[PDB]
Amino acid sequence: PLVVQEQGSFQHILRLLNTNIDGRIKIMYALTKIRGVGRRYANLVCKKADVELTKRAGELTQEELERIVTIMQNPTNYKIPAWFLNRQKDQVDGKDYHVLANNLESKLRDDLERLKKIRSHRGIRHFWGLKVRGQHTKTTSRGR
Amino acid sequence: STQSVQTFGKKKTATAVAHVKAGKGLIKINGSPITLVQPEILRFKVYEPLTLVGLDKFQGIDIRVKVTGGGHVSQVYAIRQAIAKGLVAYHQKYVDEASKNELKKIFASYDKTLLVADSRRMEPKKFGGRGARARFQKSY
Amino acid sequence: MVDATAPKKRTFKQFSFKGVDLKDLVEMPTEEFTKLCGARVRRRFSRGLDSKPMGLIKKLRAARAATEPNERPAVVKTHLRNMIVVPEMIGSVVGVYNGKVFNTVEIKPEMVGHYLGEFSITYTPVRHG
Amino acid sequence: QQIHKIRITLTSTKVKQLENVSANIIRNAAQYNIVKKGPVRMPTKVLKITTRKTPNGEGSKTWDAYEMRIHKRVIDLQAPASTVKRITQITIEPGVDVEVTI
Amino acid sequence: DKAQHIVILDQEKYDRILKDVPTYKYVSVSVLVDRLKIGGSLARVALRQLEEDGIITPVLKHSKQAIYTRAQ
Amino acid sequence: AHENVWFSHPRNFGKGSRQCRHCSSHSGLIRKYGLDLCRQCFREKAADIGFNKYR
Amino acid sequence: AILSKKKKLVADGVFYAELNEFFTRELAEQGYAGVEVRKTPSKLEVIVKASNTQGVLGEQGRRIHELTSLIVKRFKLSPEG
Amino acid sequence: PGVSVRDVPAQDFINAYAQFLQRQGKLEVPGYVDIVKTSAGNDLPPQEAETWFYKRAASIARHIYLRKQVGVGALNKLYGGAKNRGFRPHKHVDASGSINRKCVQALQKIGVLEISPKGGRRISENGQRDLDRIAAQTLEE
RNA sequence: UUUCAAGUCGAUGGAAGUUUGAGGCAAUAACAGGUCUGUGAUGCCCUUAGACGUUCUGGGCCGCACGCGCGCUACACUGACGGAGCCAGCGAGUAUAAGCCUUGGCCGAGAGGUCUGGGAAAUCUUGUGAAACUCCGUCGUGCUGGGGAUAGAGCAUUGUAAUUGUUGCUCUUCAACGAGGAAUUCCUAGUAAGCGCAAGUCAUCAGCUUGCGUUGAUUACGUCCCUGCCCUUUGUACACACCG
Ligand SMILES: [Mg+2]
Ligand SMILES: [Mg+2]
Ligand SMILES: [Mg+2]
Ligand SMILES: [Mg+2]
Ligand SMILES: [Mg+2]
Ligand SMILES: [Mg+2]
Ligand SMILES: [Mg+2]
Ligand SMILES: [Mg+2]
Ligand SMILES: [Mg+2]
Ligand SMILES: [Mg+2]
Ligand SMILES: [Mg+2]
Ligand SMILES: [Mg+2]
Ligand SMILES: [Mg+2]
Ligand SMILES: [Mg+2]
Ligand SMILES: [Mg+2]
Ligand SMILES: [Mg+2]
Ligand SMILES: [Mg+2]
Ligand SMILES: [Mg+2]
Ligand SMILES: [Mg+2]
Ligand SMILES: [Mg+2]
Ligand SMILES: [Mg+2]
Ligand SMILES: [Mg+2]
Ligand SMILES: [Mg+2]
Ligand SMILES: [Mg+2]
Ligand SMILES: [Zn+2]
Numbered sequence: 002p003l004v005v006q007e008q009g010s011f012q013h014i015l016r017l018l019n020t021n022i023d024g025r026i027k028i029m030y031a032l033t034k035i036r037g038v039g040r041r042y043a044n045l046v047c048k049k050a051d052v053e054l055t056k057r058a059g060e061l062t063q064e065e066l067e068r069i070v071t072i073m074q075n076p077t078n079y080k081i082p083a084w085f086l087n088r089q090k091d092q093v094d095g096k097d098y099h100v101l102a103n104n105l106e107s108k109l110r111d112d113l114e115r116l117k118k119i120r121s122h123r124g125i126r127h128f129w130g131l132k133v134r135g136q137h138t139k140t141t142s143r144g145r
Numbered sequence: 002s003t004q005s006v007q008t009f010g011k012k013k014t015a016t017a018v019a020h021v022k023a024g025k026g027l028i029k030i031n032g033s034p035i036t037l038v039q040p041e042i043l044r045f046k047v048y049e050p051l052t053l054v055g056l057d058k059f060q061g062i063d064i065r066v067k068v069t070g071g072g073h074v075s076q077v078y079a080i081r082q083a084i085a086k087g088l089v090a091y092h093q094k095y096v097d098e099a100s101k102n103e104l105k106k107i108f109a110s111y112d113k114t115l116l117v118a119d120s121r122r123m124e125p126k127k128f129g130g131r132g133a134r135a136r137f138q139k140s141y
Numbered sequence: 001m002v003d004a005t006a007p008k009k010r011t012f013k014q015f016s017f018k019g020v021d022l023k024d025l026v027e028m029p030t031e032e033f034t035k036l037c038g039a040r041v042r043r044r045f046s047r048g049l050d051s052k053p054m055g056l057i058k059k060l061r062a063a064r065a066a067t068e069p070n071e072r073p074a075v076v077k078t079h080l081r082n083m084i085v086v087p088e089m090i091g092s093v094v095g096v097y098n099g100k101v102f103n104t105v106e107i108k109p110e111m112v113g114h115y116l117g118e119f120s121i122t123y124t125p126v127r128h129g
Numbered sequence: 016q017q018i019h020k021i022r023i024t025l026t027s028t029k030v031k032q033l034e035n036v037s038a039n040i041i042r043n044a045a046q047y048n049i050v051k052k053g054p055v056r057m058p059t060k061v062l063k064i065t066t067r068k069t070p071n072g073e074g075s076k077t078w079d080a081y082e083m084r085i086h087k088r089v090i091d092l093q094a095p096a097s098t099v100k101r102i103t104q105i106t107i108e109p110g111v112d113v114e115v116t117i
Numbered sequence: 034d035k036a037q038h039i040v041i042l043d044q045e046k047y048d049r050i051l052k053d054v055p056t057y058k059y060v061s062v063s064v065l066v067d068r069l070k071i072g073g074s075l076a077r078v079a080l081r082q083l084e085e086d087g088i089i090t091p092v093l094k095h096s097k098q099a100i101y102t103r104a105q
Numbered sequence: 002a003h004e005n006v007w008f009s010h011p012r013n014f015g016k017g018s019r020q021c022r023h024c025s026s027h028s029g030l031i032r033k034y035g036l037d038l039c040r041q042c043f044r045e046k047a048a049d050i051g052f053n054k055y056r
Numbered sequence: 004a005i006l007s008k009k010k011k012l013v014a015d016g017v018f019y020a021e022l023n024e025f026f027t028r029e030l031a032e033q034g035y036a037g038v039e040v041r042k043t044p045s046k047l048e049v050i051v052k053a054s055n056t057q058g059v060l061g062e063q064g065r066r067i068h069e070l071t072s073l074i075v076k077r078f079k080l081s082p083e084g
Numbered sequence: 002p003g004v005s006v007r008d009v010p011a012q013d014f015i016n017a018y019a020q021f022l023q024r025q026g027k028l029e030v031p032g033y034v035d036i037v038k039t040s041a042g043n044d045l046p047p048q049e050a051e052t053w054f055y056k057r058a059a060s061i062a063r064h065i066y067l068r069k070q071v072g073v074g075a076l077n078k079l080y081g082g083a084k085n086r087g088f089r090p091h092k093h094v095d096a097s098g099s100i101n102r103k104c105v106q107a108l109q110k111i112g113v114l115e116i117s118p119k120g121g122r123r124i125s126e127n128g129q130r131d132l133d134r135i136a137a138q139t140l141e142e
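Protein chains in written order, with the deposited numbering: chain U, 2 to 145; chain S, 2 to 141; chain R, 1 to 129; chain W, 16 to 117; chain b, 34 to 105; chain f, 2 to 56; chain F, 4 to 84; chain V, 2 to 142.
Be a bit skeptical, because a hint or two may be false.
[As the list claims (entries may be wrong)] With a straight-line cut-off of 30 angstroms between C-alpha atoms, the simulated BS3-like cross-links for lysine-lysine are:
| hint | chain 1 | residue 1 | chain 2 | residue 2 |
| --- | --- | --- | --- | --- |
| 1 | S | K29 | b | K52 |
| 2 | S | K67 | W | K20 |
| 3 | R | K13 | R | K52 |
| 4 | W | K60 | F | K76 |
| 5 | U | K27 | b | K52 |
| 6 | U | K48 | V | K38 |
| 7 | R | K52 | f | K54 |
| 8 | V | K92 | U | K56 |
| 9 | F | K42 | f | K16 |
| 10 | U | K139 | V | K92 |
| 11 | U | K49 | V | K92 |
| 12 | U | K49 | V | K103 |
| 13 | W | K20 | F | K9 |
| 14 | W | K52 | F | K79 |
| 15 | R | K100 | U | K90 |
| 16 | V | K84 | U | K48 |
| 17 | U | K90 | R | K9 |
| 18 | W | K52 | F | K76 |
| 19 | R | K100 | U | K96 |
| 20 | U | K117 | R | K9 |
[To be verified] Derived, one-sided and incomplete: chain S residues facing chain V with beta-carbon distance under 10 angstroms:
| hint | residue |
| --- | --- |
| 21 | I28 |
| 22 | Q39 |
| 23 | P40 |
[Stated by the list, open to error] Here are some, though not all, of the chain F residues that point toward chain f, as calculated from beta-carbon distances under 10 angstroms:
| hint | residue |
| --- | --- |
| 24 | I5 |
| 25 | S7 |
| 26 | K9 |
| 27 | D15 |
| 28 | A20 |
| 29 | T56 |
| 30 | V59 |
Honestly, the hints are just simulated from the structure, not real lab data. All C-beta atoms in this analysis are idealised placements derived from N, C-alpha and C, irrespective of residue type, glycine included.
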């Protein structure tokens, strides 16, 4: 509840899940740099890890940093609701998952060929690079 | 009963009904003291009818108003009118008219809307545009 | 972050859909199958199956029974392209109307749970120039 | 089933006949010593319909704004049921309709 | 991009704050940011404590604006 | 057989579910106050119904 | 059945508009001017104004008798109503 | 003369009743308060994670004090706000039903409110007693 | 002031002193203006049983290298979020249906579900406790907590039927955009601008119209410089009238 000082404990650059995080960002919004971690998700893992949101990224100790990456990789074990997850009711094993920085584009990709392998209409328009959700195309999306 | 006069003030849609009774000087807005009106930056709009005449005028009378309709700002102007009109109307009926004409002089010389309701109302919208005078942008 | 490794493992993996592998998937009744797919499919079967989807399934079943040297089960044609693919009809071949022609599709296992007309585009793609 | 608190509801589009029937009933409820409550002017309802002027879709976008005012009045009477109904036949008017509810 | 304002308070800057803020006609969130090179959030906690420590007198209190002056 | 196909598609809750009193049209219907009249048919009958232009 | 006040006054007007055009098409040759619907207890008085009240009331009033029957059968009215 | 809820500013009265309700500790807090957002129109959960439920329950109690048989559906509309539809214009959307219903249900077992006849939730015989008390311990400074 | 005329500008009184504010109606003629896709309004031509009638099924009217117009979000700090404060008006609403407005209670993070009750209505939904707005906090000039396209996975609603996602909800991805060239539109007081709400379409869908109210200004109250139109004079070999 007052200004405090520290020396040598701040860490300017963090590395979490093979992603570089700026250490002078507030912890809740620093994790949003990790792809697959939005503002809504980052708010809860810090609250489940008892990391008060009033701390910058470099303020955290190693003990706290490992406690966060553990929760993100195992969300359901920490009373994180299934509906709150990124990839729930998975295609192959049917369980609720939350894919992260490097895993996200791999399983996002696997969904694309899975649409394209069966040659569905939605997968085809994805192949063409067009809008797949029915949006009009006669007058919008003319950039490159 | 007792010496009671009832009046009202109005703005665009807001209407504030003021009851002025004889008493110790109780002045409430919808059952709450005027010292706690929400629009703080406008709290002096309702303080004006008080400090203009002097709080000594309110020793013998208590005022309870009920303001409904309009908006947040439109309600403030409705309240201050009901109070100003209520103080004048009580003097005309239970005090000599010389004093009533004195109070009305200070009020009118400061702000006409303290006693006279503003007649401005919203102009109806006309087709061919999104507003009363505004029109859809034209192309050739 | 500690570390990470990705050594993917197998065991003669059979294709699997939401935790149910192909062997058990195909002989599950369609009443049980809909309980493990999306919200739209679950709603559709609760709303009541009219005679049209059920009639196509009966013909599709017979078309497979027509051939027992284990080749393709001959084509059943249909207009009803709001049909939801079920594991029962895997391997059958259906002709799905796109408004003009009978597009022919073979029901692969990964097609299960999808709409039958989603694999027959109704418009020839635009080609400028 | 004698003297009752009886409601007569008056609705019409035009006010001249509505006030004549309303006043005529009040007049007959005066010389007859029957206590009465009314008439009560209900807030008039403005039925508004806004169409396009063009039967086609050509020209400036001009609109008609039609209206149908409905005026409703209720009058409370303290009299036996036989007396109130015959009053209605005395003050019968084509435009105004009457409904009686106990 | 050129801002790079300091968000962590070390000891060299801390006593520099207590040595420089008293010699200001008017201090605010922007005044602290403009001249002390500290961040806005760090300025807000600094203002709320310097007032509690008596060095700074609150001229006006508001969420969006904090008007303060020297207490000497 | 044919009677089960002829005019078999549902024609409720749709634009084709209703029509003008006057012209039996499907487009530009006015359903307010249970008029069920075409917007063109309404204009040529508005005075008779009791709708007048005042403002 | 149970009809709202807004929807009842409109229905009376719509009934008038449809009834008025019916006379214009049927009694066009008799100079039809207009119709007045005088509601009354136990009866629905209808006054039609025409240049010639013989074509409507012809051959022992057969046409007007056969014309009021076309309205009872279309608006589900009692024959005496 | 006495003191009532209407004689104290609303904003700092709730901050005082919220403090009492947290320190008293008898109010039952549902287990999802650290996860949920107040409204479907909101995009983030409340910033005061430890205290937001207490303050909202304090707000609910004060709002019910000034009125008669307010329902739980009306509470969702009151605390609801403008939704940030992306490119479409803004619109008012009601708040979450469970959060308001749990508060009034939680407040019903702490003794401040009760189900009123002809719908709604009245303030309790003791509900008037203890709110007017907090007002007195608000204005002494 | 004025031809002391019609009037105009200031004050005072007044609720109102711009025709008191706003509209509805609106002349003599005319256009090859638009509609036979509003009509069981129509002349003529075409078709009339392998129909161009009508009906059923499915698709399309949304289709995408592009140009143009009406708009909605925004590019942030006069701000975003998070809590808290908490104010309108115009209106609409059903039955043996083919189902209306729906409070209140109970489930659900939500969307939504369920049980009762009220209202054919100044009675109930409804004080439609709307949003901008205000207070207190977090953020701190950073493509950032601005912006929320695009897309993956999942949950509900309507409907016979949602695939070419009807709509709504949850998590995630988080693009151009850092105030916009030549040009060009609307507008003078409760007006402009924001800001929402209701009614129409409507089983579902409002970034649309028609209205309504909340907050509420800057700047003229002048001119013919541009533009359009009217009048007078003029020329005319035009009068089907310069599309001569
Ligand atoms: Mg076809
Ligand atoms: Mg609100
Ligand atoms: Mg709010
Ligand atoms: Mg926004
Ligand atoms: Mg937006
Ligand atoms: Mg006028
Ligand atoms: Mg023409
Ligand atoms: Mg032409
Ligand atoms: Mg035709
Ligand atoms: Mg035709
Ligand atoms: Mg039509
Ligand atoms: Mg044919
Ligand atoms: Mg189109
Ligand atoms: Mg298409
Ligand atoms: Mg336009
Ligand atoms: Mg806010
Ligand atoms: Mg009401
Ligand atoms: Mg999005
Ligand atoms: Mg961003
Ligand atoms: Mg122009
Ligand atoms: Mg649609
Ligand atoms: Mg609508
Ligand atoms: Mg439209
Ligand atoms: Mg000449
Ligand atoms: Zn019609």
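Evaluation of the provided hints:
1. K29(S) with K52(b): Answer violated: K29(S) to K52(b) is near 50 angstroms, above 30 angstroms.
2. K67(S) with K20(W): At roughly 34 angstroms apart (the allowed maximum being 30 angstroms), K20(W) and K67(S) break the hint.
3. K13(R) with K52(R): 36 angstroms, violated
4. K60(W) with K76(F): Violated: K60(W) and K76(F) sit about 34 angstroms apart, past 30 angstroms.
5. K27(U) with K52(b): Satisfied, since the Cα-Cα distance of roughly 28 angstroms is no more than 30 angstroms.
6. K48(U) with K38(V): 14 angstroms, holds
7. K52(R) with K54(f): 54 angstroms, violated
8. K92(V) with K56(U): Violated, because 35 angstroms separates the two Cα atoms, which is more than 30 angstroms.
9. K42(F) with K16(f): 36 angstroms, violated
10. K139(U) with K92(V): The given pair, whose Cα atoms are some 29 angstroms apart, holds under the 30 angstroms limit.
11. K49(U) with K92(V): Between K49(U) and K92(V) the Cα gap is close to 33 angstroms, so the pair fails against 30 angstroms, i.e. violated.
12. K49(U) with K103(V): Roughly 22 angstroms separates the two Cα atoms, so the pair holds.
13. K20(W) with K9(F): With a Cα-Cα distance of about 27 angstroms, the restraint between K20(W) and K9(F) holds, given a limit of 30 angstroms.
14. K52(W) with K79(F): Distance of about 38 angstroms is beyond 30 angstroms: violated.
15. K100(R) with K90(U): The given pair, whose Cα atoms are some 37 angstroms apart, is violated under the 30 angstroms limit.
16. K84(V) with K48(U): Between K84(V) and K48(U) the Cα gap is close to 25 angstroms, so the pair holds against 30 angstroms.
17. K90(U) with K9(R): Roughly 21 angstroms separates the two Cα atoms, so the pair holds.
18. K52(W) with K76(F): At roughly 43 angstroms apart (the allowed maximum being 30 angstroms), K76(F) and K52(W) break the hint.
19. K100(R) with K96(U): This hinted pair is violated, its Cα atoms lying about 41 angstroms apart.
20. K117(U) with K9(R): Measuring from Cα to Cα gives roughly 25 angstroms; hence the hint holds.
21. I28: Violated. Min distance 12 angstroms.
22. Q39: Hint on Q39(S): holds, closest Cβ of chain V at ~8 angstroms, below 10 angstroms.
23. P40: With a minimum Cβ separation of about 12 angstroms from chain V (threshold 10 angstroms), the hint on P40(S) is violated.
24. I5: At 13 angstroms from the nearest chain f Cβ, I5(F) fails the 10 angstroms test, so the hint is violated.
25. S7: With a minimum Cβ separation of about 9 angstroms from chain f (threshold 10 angstroms), the hint on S7(F) holds.
26. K9: Constraint on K9(F) satisfied, holds at 6 angstroms.
27. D15: Because about 8 angstroms separates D15(F) from the closest Cβ in chain f, which is inside the 10 angstroms limit, the hint holds.
28. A20: Holds. Min distance 4 angstroms.
29. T56: Violated, about 22 angstroms.
30. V59: Where the cut-off is 10 angstroms and the nearest Cβ of chain f is about 20 angstroms from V59(F), the hint is violated.
Against the hints set out earlier in the document, violations occur for numbers 1, 2, 3, 4, 7, 8, 9, 11, 14, 15, 18, 19, 21, 23, 24, 29 and 30.
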